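Asker: Here's the letter readout for the chains.
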Amino acid sequence: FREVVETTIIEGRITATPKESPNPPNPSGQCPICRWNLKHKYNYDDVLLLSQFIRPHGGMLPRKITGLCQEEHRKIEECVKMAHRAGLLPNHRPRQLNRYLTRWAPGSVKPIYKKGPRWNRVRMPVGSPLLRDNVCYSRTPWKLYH
Amino acid sequence: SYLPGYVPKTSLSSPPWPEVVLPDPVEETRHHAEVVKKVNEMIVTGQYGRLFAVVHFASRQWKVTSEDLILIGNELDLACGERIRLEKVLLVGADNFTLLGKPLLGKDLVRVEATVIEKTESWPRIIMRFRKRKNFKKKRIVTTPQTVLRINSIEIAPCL
Amino acid sequence: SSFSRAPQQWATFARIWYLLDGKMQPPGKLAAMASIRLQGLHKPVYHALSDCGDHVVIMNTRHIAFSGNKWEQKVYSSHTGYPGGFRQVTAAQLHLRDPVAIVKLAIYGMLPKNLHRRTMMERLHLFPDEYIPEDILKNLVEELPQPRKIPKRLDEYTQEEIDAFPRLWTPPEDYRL
Amino acid sequence: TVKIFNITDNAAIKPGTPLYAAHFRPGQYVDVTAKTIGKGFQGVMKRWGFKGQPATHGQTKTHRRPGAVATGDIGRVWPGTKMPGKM
Amino acid sequence: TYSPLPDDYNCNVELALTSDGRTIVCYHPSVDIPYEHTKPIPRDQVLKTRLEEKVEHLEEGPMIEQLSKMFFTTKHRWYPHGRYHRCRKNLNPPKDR
Amino acid sequence: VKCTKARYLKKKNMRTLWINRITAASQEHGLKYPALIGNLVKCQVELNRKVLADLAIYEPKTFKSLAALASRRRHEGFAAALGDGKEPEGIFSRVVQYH
Amino acid sequence: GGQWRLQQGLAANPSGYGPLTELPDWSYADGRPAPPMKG
Amino acid sequence: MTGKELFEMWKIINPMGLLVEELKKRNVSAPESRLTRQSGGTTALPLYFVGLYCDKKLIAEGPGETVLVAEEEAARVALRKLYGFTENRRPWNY
Amino acid sequence: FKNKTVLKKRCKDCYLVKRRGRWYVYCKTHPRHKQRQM
Ligand SMILES: [Mg+2]
Ligand SMILES: [Mg+2]
Ligand SMILES: [Mg+2]
Ligand SMILES: [Zn+2]
Ligand SMILES: [Zn+2]
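Chains as they are written, first to last, in the UniProt record's numbering: chain A, 35 to 41, 47 to 134, 146 to 196; chain B, 45 to 204; chain C, 2 to 178; chain D, 175 to 261; chain E, 35 to 77, 89 to 142; chain F, 51 to 149; chain G, 24 to 62; chain H, 223 to 316; chain I, 66 to 103.
Everything labelled a hint here was simulated from the structure, so no lab data went into it. Be a bit skeptical, because a hint or two may be false.
What the hints assert, rightly or not - Simulated crosslink set (BS3-like; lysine-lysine; CA at most 25 Å straight-line):
{"id": "1", "chain 1": "F", "residue 1": "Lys52", "chain 2": "E", "residue 2": "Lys134"}
{"id": "2", "chain 1": "C", "residue 1": "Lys150", "chain 2": "A", "residue 2": "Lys193"}
{"id": "3", "chain 1": "C", "residue 1": "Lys114", "chain 2": "F", "residue 2": "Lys136"}
{"id": "4", "chain 1": "H", "residue 1": "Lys247", "chain 2": "B", "residue 2": "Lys82"}
{"id": "5", "chain 1": "D", "residue 1": "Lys235", "chain 2": "D", "residue 2": "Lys209"}
{"id": "6", "chain 1": "F", "residue 1": "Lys62", "chain 2": "B", "residue 2": "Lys178"}
Unchecked claim - Derived, one-sided and incomplete: chain B residues facing chain E with beta-carbon distance under 7 Å:
{"id": "7", "residue": "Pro67"}
{"id": "8", "residue": "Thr109"}
{"id": "9", "residue": "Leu113"}
{"id": "10", "residue": "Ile116"}
{"id": "11", "residue": "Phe141"}
{"id": "12", "residue": "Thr142"}
{"id": "13", "residue": "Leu144"}
Where a beta carbon is used, it is the ideal one built from N, C-alpha and C, also for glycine.
Start from the sequences and build out the full structure, keeping to the hints where you can.
Answerer: See below:
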């Protein structure tokens, strides 16, 4: 990678970089996810993959450098936000209520003071419509709204 | 060298249930032969006691053992104190083993013997119909015939 | 089984003390398995008139987890019946006041709406932390398995699985990161 | 009378000890709790200070009574409704 | 190496089919509890050791609260019942086995 | 009138109780009620819910063998579905034909 | 399992044209066949 | 005598004493009582399953509300087993 | 702010930001362009 220090002299150097694992199983893919056959087989739990795709301080890396396609990039964005909210990344921090699958920012949602009738019920969103299309491994689909 | 189709260990890569390998039919077949032989020699020597059976009779299935009573809801064209053979035995079992038919057990394998010991009537059942504001009201009293059978014996024979 | 009649009946209708953990578990799945055990629906000798419930002891109710945004969207409504008694508190506020109220309310909702419900509620025991009284701890049998699988934060992955997971993308060697 | 006072641990005094009026000091502020003068069963005009009904101008036997106690739509009376009782 | 169910809580189930395939044979001998899995059984100089026979009389309130705490029930089970139900209760009930 | 309609209600409630007790025993053996019932039918075992609940209460070893048989049939069905070809039918999935 | 029974050809209701419904329920203890059932 | 139990027909007093006498006369070591299973214990409705072992081999097990009645029931079950009158025994041939 | 169902950028200096779950038009140079999504 590349690092800059300030001492007033500012200087940048190249540090050691990682490389691919040598033989991808699908070399004809375009995005790294498509190459490594992970098109619908990841969730917000896969912090190994997300830590591969994030910045050291919790932010993300852009598409033109990650090589991801747009759909995969948006899915990784949402997975990373949910992992950050669930607390699965304790070392990628900036500068007690237990959660998981947190879609919205916890400080921006308002309480559902008035649920509607059962035909117009105000539901509580869980998960991601981007992650709607993952492999189910179950005979009932995901329940995106509780 | 990763094989074509290798998916890395993620939470949705593999199915959540454990992989089950079934034993191959050849040694499974000889193992079935050994188990059948062991149960058959247990039958021959007689290492069992107080057999029970699940028996299909009169559109029912009854779980009976020896010295039992059952109350069939119809007359059976049989005098009192008459010994008959219950024949449609779905299950016979004991401590340490159990035989299951598909769906009926062989008649050379298990024999259920019962005895008509009572032919009686049920208590009077009331059938009333009422519909309000329509003057609708009917009353009937029925009494179904009934037959008490005593299950005397359940015998199994070595035929496996 | 050759037991005498009174010990056989006592053994069949005996009462069991199950243990259940909180600690990142959803209150409703905890409530579902707790309510099954409280009604006694797990027994093959179940009948609604046979008083066949069991004791359920749930610990770590202070460390339950809600999926989604239920901590801020879920509202518990009560009414002190004077004019103006309508109170609505979010799940966060209710948890911060009473650390057992959320699991208690979920179990109370999922029990059958009978006169047996409060008897099941007396047999339910809830503790917010690791601490359980000694009498309960000498009564417990069968810590039941937890419904969720604790999705394993990044730092306690060992180096073996970290370098077993492949690197997906090649970084340019000039990028700041 | 025995009355219970909440104290911290540093203000514990041995049981059986005498206490006098010099425990306080002049120029201080205190709180005094007691059972008030009981007045028995009283109506709304003394218990809650309702305005009552006018004396003359046609009124039949209603001068000191509560009027409505609720509305028509509720088929009941709300808890805490001010009604005559013990003062 | 395959077992359809775990073989360490009730019985060692071995399933089999006869040679004609017409009947299924189950062999289920009971499992015993191991010795190492059991637990051992738990274990005035001048006057007579008299009987400590004290029975405090509780009122209805504290007594029902004590019984409720003892048996993990509510109070309504311990509150009494009237003569109508008391005489309605069948005192020679039918009894099977 | 309540007696006459309670005949139908009695039959329905008895079947509901049997399903409850079979579900209890099946989940005690790690299985589910639909899995147990469907795979016993696939094994050609025609015990109804009444005698299945009786076997649950009074013959736990026989019920454990039945649950093992249903689990074995379910694993045979999964193996056949995964294989999708002309692998042998499986020992317990063989159907006894009648003519 | 009505669909499974239809796939195997064994009706759909287990009380339909099978041996479990058409074979006689009982016989005399000596071995004499019973009279035929009314259904 | 069809539907009754041995210690309902023949009344005994010390099943543990009868059991140890029988084991001494059939040269089996003395039965050790152990707490096989236990539920409750500090409550008013406990369950104790006490098992009788011989040479680290289980010969009987019995339930009760107290350890003492559980071990006497285990003694009765052992006596029934080694007296042949068990509940699952072969029924009488009439 | 003014409440709008549809938000429009009335300047080159207006900017759309999504804050507390709702969209906003903020303008540092023409503060009358402040808009809040309903
Ligand atoms: Mg006036
Ligand atoms: Mg007048
Ligand atoms: Mg006047
Ligand atoms: Zn892609
Ligand atoms: Zn502007």
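Asker: Hint by hint, note whether the structure agrees.
Answerer: Hints, verified against the model:
no. : hint                   : result
1   : F:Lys52 with E:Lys134  : 23 Å, holds
2   : C:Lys150 with A:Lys193 : 18 Å, holds
3   : C:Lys114 with F:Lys136 : 54 Å, violated
4   : H:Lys247 with B:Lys82  : 33 Å, violated
5   : D:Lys235 with D:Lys209 : 35 Å, violated
6   : F:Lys62 with B:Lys178  : 29 Å, violated
7   : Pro67                  : 5 Å, holds
8   : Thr109                 : 12 Å, violated
9   : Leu113                 : 11 Å, violated
10  : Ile116                 : 19 Å, violated
11  : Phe141                 : 5 Å, holds
12  : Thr142                 : 4 Å, holds
13  : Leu144                 : 4 Å, holds
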